[PDB]
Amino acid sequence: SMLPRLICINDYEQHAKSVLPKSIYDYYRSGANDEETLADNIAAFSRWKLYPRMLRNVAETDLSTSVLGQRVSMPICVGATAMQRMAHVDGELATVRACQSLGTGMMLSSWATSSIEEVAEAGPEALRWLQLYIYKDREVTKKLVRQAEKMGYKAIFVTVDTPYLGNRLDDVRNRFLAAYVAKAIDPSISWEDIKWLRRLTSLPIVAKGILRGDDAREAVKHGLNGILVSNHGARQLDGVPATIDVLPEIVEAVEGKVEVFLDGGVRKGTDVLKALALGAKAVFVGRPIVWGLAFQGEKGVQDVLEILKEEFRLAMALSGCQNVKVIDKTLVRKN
């Protein structure tokens, strides 16, 4: 009952725009270039129509599932978002605490405003994963992985779509990064560097930012454990498809050999249901978490995750799904 009265994820965004400095809100909101993919990440979900089954018995809903062999309370997890401390003083420590309370997983940015150890201490019982860039400096890359293994993180999400930073026009206009990303991130990396990381760690490895069937198959062939279908929140290459539109081609391409996840434009419970109906194991949210932080730190993130949880529960119930095992491709049809 905290004010203003926010009852959906778009209310959290509207609140954030009213309290964040322009250049911070713009950094978090922006897509790349004309933001074609940004609009489509959202619009594409509306074109997938639901076909609810009546009279299935939805008295008891169970949202529980597993990610990479680890139980979660719901198929709705926190994605890596850099610079959470610009949204709230507690930053990633607030986030992990909310994930611990919800029983869901947090993917930590490889350049978070909090250390791998600090986040493990704030959230010792939270399911925690590390998002990894392969830096030009492979010694710091290796150290992050070792620190993740040591601090009880359960997987590496290696981001492969950012050899350079996307062109976000508001960040250029605000004089808000591309030059710094280009100093640290290695744009030379290939499947050879994936072989290296696959040998470096026995943690589960997900390739984050695949949009092609052939690349997904290359990821399976290299012993990777998951695909995160991502266009990096439409902040990298503008004019790529919406993740919900390429998800089915990627699911088909991997023939059940690895878990397939989605991010990009998840705002509502029906977005989660549509993604699972098309074969995603779970979805990740980026921006909604930041809007949560901007509203009220830990409680704001908990609020956003609880809103998505309960929207998802209702969408499951109204569609005749008592649990995620019964969510099938006949629930959806593109229009």
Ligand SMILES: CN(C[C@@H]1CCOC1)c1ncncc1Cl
Given for the second form:
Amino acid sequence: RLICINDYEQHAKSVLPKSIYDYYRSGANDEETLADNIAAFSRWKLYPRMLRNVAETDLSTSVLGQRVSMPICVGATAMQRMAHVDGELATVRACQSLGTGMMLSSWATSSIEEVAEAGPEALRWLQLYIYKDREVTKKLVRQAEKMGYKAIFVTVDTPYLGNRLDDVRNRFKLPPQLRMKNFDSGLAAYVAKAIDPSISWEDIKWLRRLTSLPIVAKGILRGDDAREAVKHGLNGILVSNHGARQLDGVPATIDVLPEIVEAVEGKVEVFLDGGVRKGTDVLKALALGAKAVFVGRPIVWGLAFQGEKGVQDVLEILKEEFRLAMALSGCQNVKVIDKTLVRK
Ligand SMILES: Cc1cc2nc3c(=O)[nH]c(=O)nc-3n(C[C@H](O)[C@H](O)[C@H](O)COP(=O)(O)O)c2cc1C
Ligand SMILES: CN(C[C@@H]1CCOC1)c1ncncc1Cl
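Next up, the form solved in complex with the ligand. The previous block was the form solved without the ligand.
Next comes the full complex, and the chain you just saw is listed first.
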């Protein structure tokens, strides 16, 4: 049956209710950036070196000083219990098995404590939204700290929710038995009531003062903004267009990655998400300077197939495709993945 990430999506479309599949699949508006996040990877060509001795491939690396088994981590995707009854608990258990890290949504269908209890040994980070209620926001940060999460990924590209046309058509809502457990389109309305469209760099200053955990700015697409994040004492940039779900017609993340890596001058780690489906996508991102990549939708498709086992399968497929791509390119380890491997 399922031997690559595309097969898991096709499986998920066959088993999920349409409204849930569309919620997960959709991009904003005409979905131009959604297509481009994938197409852009294909424009970057690989220039492999031969005869480098690749018997001993080492995929291991580090994210914000913490060791991981591979530069492939789980990104925040809301409401995972819609895909499988065990939701985020299935995901964290898979991450612990694989030795990689999980970024937990602020809009998870499982709580910060529940997830730390299901994956105590797993590397775990919290994705944070700035709620208009700063007390709620602070409590999330404090819970993350108490529960052994290792970083905060603050999402900065969502002052309002993007317009995903299928969600509006299907009047998207959570199924009845589920809740966001830490507290038109139903989600757009929620965001407008709950999430602060006023946030500015002053609020980044507040958050930097609030916690000593590493903080990564998630959703940066300009070099100037990346340089402002470095100025504010943040510890990494996640180059992201929010899975093409926010402003449509922004570039692919793999296309803006080199500008952001250049802009930060090595002062903080730069990560990428958006369109990662294959081991060669991971290799291209690392050649262009990313430390690691995050995967969103592929994880949800793994849950839809088989909960924890299906998440483990998806991560193992990406791991083995990445191993093979490194080997065929002449790369023994991630430290030797260099800029001459790629050209557009
Ligand atoms: C169904 C879905 C739910 C998402 N939920 C969140 C969220 O709660 N918080 C967040 O910051 N980003 C959210 N994202 C954005 C993801 O963190 C990530 O940027 C994106 O999925 C990466 O692209 P990919 O799906 O092509 O791998 C979501 C993405 C999807 C597809
Ligand atoms: C044994 N494998 C997996 C290959 C993938 C195709 O057939 C076997 C590897 N082991 C060490 N370094 C790299 C690789 Cl790709």
